[PDB]
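A.B. asks: This is what each chain is made of:
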Amino acid sequence: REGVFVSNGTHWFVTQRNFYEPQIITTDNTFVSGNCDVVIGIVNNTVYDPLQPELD
Amino acid sequence: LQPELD
Amino acid sequence: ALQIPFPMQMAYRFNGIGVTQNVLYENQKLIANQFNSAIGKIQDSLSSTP
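Protein chains in written order, with the numbering used here: chain X, 1 to 56; chain R, 101 to 106; chain H, 201 to 250.
Mixed in with the good hints there might be a few duds.
Unchecked claim - Listing some non-contacts, in silico: residues in chain X with all C-beta distances to chain H over 12 Å:
| id | residue |
| --- | --- |
| 1 | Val4 |
| 2 | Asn18 |
| 3 | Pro22 |
| 4 | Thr26 |
| 5 | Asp28 |
| 6 | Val32 |
| 7 | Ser33 |
| 8 | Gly34 |
| 9 | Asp56 |
Unchecked claim - Label pairs and their computed distance ranges (CB to CB):
| id | chain 1 | residue 1 | chain 2 | residue 2 | range |
| --- | --- | --- | --- | --- | --- |
| 10 | H | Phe235 | X | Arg1 | 21 to 31 Å |
| 11 | H | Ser248 | X | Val43 | 39 to 49 Å |
| 12 | H | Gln234 | R | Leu105 | 27 to 37 Å |
| 13 | X | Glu54 | H | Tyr212 | 29 to 39 Å |
To be clear, the hints were calculated from the coordinates, so they are not data collected in a lab. For each residue, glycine too, the CB sits at the ideal point set by N, CA and C.
Please build the complete structure, drawing on both the sequences and the hints.
C.D. replies: Listed below in structure tokens is the structure:
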């Protein structure tokens, strides 16, 4: 949504552009658009969903 | 989400 | 000066004009061709203009 996907060698994070503040990649700070074969340079990682931890 | 308790 | 991949820079500028960046990553090829063609016509325009 805002920032850039930055990886620090082993883990991927999202961070605002003008000041380093890494956050866990979750469904709240990202939006989806289409299948993942047209974009160039896409990588793989787990995208956590906050609804699962509640487990009602 | 708490009041709904789905 | 902080180095940044050029497509990501153009994605930022797209946000700047109110168009979401997914629009850019899905039309990279076409956009690049359009940009190259325009740059090519610039020189011809300068040369033909009296």
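A.B. asks: Evaluate each hint against the coordinates.
C.D. replies: Comparing the hints with the structure gives:
With a least beta-carbon separation of about 7 Å from chain H, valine 4 of chain X fails to lie farther than 12 Å from that chain, contradicting its non-interface assignment. For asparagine 18 of chain X, the shortest C-beta to C-beta distance to chain H comes to about 10 Å, within the 12 Å cut-off, and the non-interface label is violated. Here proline 22 of chain X stays apart from chain H, with its beta-carbon at least about 17 Å from theirs, past the 12 Å limit. For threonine 26 of chain X, the shortest C-beta to C-beta distance to chain H comes to about 18 Å, beyond the 12 Å cut-off, and the non-interface label holds.
The non-interface label for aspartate 28 of chain X is consistent with chain H: the shortest C-beta to C-beta separation is roughly 17 Å, beyond 12 Å. The Cβ of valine 32 of chain X does not lie farther than 12 Å from every Cβ of chain H; its closest approach is about 9 Å, which violates its non-interface assignment. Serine 33 of chain X, annotated as away from the interface, has a beta carbon of chain H within 12 Å; the closest lies near 4 Å. With a least beta-carbon separation of about 7 Å from chain H, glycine 34 of chain X fails to lie farther than 12 Å from that chain, contradicting its non-interface assignment.
No Cβ of chain H approaches the Cβ of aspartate 56 of chain X within 12 Å, the least distance being about 32 Å, so the stated non-interface status holds. At about 27 Å, the beta-carbon gap between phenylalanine 235 of chain H and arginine 1 of chain X stays in the expected band of 21 to 31 Å. Checked against the given bound of 39 to 49 Å, the beta carbons of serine 248 of chain H and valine 43 of chain X, roughly 47 Å apart, stay inside it. In this structure the hint that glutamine 234 of chain H and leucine 105 of chain R lie 27 to 37 Å apart at CB is violated, the actual value being about 53 Å.
Evaluation of the 29 to 39 Å hint for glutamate 54 of chain X and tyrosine 212 of chain H yields a pass: the beta carbon distance comes to about 35 Å.
When each numbered hint is compared with the structure, violations occur for hints 1, 2, 6, 7, 8, 12.
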